[PDB]
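Next up: a single chain in structure tokens, the form deposited in one PDB entry.
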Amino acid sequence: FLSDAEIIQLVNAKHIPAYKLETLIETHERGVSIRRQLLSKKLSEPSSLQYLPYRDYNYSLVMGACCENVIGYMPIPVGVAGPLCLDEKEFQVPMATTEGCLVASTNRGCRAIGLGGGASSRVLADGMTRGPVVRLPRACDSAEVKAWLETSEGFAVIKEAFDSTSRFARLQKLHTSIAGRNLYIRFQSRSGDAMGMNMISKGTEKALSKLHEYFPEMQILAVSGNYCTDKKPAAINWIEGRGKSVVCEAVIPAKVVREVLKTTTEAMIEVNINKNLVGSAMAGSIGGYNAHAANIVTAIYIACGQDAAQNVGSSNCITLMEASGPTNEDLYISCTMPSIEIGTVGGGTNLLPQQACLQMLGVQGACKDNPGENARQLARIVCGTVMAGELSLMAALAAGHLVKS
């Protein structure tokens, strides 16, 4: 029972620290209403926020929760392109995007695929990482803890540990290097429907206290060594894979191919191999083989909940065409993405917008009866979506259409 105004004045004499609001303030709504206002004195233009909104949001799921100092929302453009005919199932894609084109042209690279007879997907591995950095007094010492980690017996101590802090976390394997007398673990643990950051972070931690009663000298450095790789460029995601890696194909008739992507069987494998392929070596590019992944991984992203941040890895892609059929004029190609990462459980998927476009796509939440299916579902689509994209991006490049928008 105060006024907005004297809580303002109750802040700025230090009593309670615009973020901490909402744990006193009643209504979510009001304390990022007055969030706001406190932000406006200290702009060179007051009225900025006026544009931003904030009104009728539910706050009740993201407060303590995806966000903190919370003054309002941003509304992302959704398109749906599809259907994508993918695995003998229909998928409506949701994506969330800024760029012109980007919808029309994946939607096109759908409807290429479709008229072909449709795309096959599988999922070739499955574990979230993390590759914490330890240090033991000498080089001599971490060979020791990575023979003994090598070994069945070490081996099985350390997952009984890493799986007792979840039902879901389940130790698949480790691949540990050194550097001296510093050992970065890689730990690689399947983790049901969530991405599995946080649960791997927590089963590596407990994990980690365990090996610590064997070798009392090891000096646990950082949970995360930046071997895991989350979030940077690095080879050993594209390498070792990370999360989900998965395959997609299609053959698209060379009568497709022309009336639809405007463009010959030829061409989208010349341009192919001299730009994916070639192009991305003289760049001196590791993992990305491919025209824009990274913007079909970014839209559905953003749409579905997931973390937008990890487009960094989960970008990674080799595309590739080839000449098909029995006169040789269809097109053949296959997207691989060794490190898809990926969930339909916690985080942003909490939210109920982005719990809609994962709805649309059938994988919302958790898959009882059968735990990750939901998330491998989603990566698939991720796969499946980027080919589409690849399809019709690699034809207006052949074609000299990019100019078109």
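Numbering follows the first chain given and starts at 1. Rigid core (definition): largest C-alpha set, two forms, superposition within 1.5 Å. Compared with the form deposited in another entry:
After superposition on the rigid core, the Cα of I16 moves by 2 Å or more between these two forms.
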Given for the second form:
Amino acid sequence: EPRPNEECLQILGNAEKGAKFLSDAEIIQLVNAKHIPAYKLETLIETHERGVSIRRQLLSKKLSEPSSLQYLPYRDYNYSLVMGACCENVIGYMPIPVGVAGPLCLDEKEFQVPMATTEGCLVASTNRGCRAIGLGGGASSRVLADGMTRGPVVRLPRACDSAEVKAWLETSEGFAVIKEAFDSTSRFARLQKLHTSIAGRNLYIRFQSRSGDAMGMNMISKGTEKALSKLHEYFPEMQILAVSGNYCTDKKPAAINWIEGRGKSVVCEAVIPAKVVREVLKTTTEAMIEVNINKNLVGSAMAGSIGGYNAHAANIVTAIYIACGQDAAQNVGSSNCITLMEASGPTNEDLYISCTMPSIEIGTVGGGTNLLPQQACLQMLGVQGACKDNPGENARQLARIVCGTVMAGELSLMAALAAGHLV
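Could you output the structure for the form deposited in another entry, given that the previous block was the form deposited in one PDB entry?
This part shows the chain on its own.
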């Protein structure tokens, strides 16, 4: 049944045959003979799943363990939305367990929050925090700001010249010309106040803008390119060294995100009755405040933390992000959180808690939210896709849910640390 290389090549070149007639072992025979490269297996094979099966068989003979791919699943998966959009060189998928904590009573609504994780007790802990919040009358949240950023670096011949460009961008007329260029690229491109910083002849420009319900990194990048092109017309000696000069700052810890915000800035709060702190959280209000000051404030201060004044916001942010099709790498900046706790009520025995997260980078359209399983989790929360009547409302709601769930996670872990229940 296996044919030689030359007979198999004329069949593939045929416009009304292709690889359909050729067998599995026959296409792999063309790869080793080097007549067709490795990267020419996408647009030549008809179905996506068969292309995944061929990539896996070529891969298995390179690995030190032959049956390593055995328990990595690939069949019955919709690769149509993944190929040429979300992933390349695809050899299957990685199933991550999804649990549910809730109901989370947030802004007079009830949410069943999906959480994708492999850390034991995390879902159960977050659920216990939701239970305390619910018996305490619920939580309230506000989105304080909204605006994804990109922070290019440009170079002038001299620092005197870069100072000229900074001054020009600070005039109402200069900013207006740059804003028109930025806003011409997309419907949600709406440039907010510029933030500029000089380092000699370098100039770092932080462009900021809302992006509807998208996280908006591609949107902001397009607007930034157009704006810098317009800036070059007025200043032809300027060199665009990089569209990202790490001033954004994206996927790295940076004080600029902590202080200025990036994406959605959010605050959440709740009051937990003394009775609920006892019976649900197994501790006291006095014990909670004590651990919060000396762990989340003083402890993080001693550790030299910028933006890490919390117990484990990163656990909840990451779990929600993976379940809801977000960029999980943006957990770096999105986990920025300060958790504060005071005594409250008439007898000063109730627990006031608040979480403030100035840089939640989030979206309900684009990226991993285009995949159906991810959209199922977004649909649980009622935030799937773009909100037609109120652009950005679904992304803002998801950010509020993240902050609220983070607060629930902070309550439960801090109670366990305070009481010494570490089993």
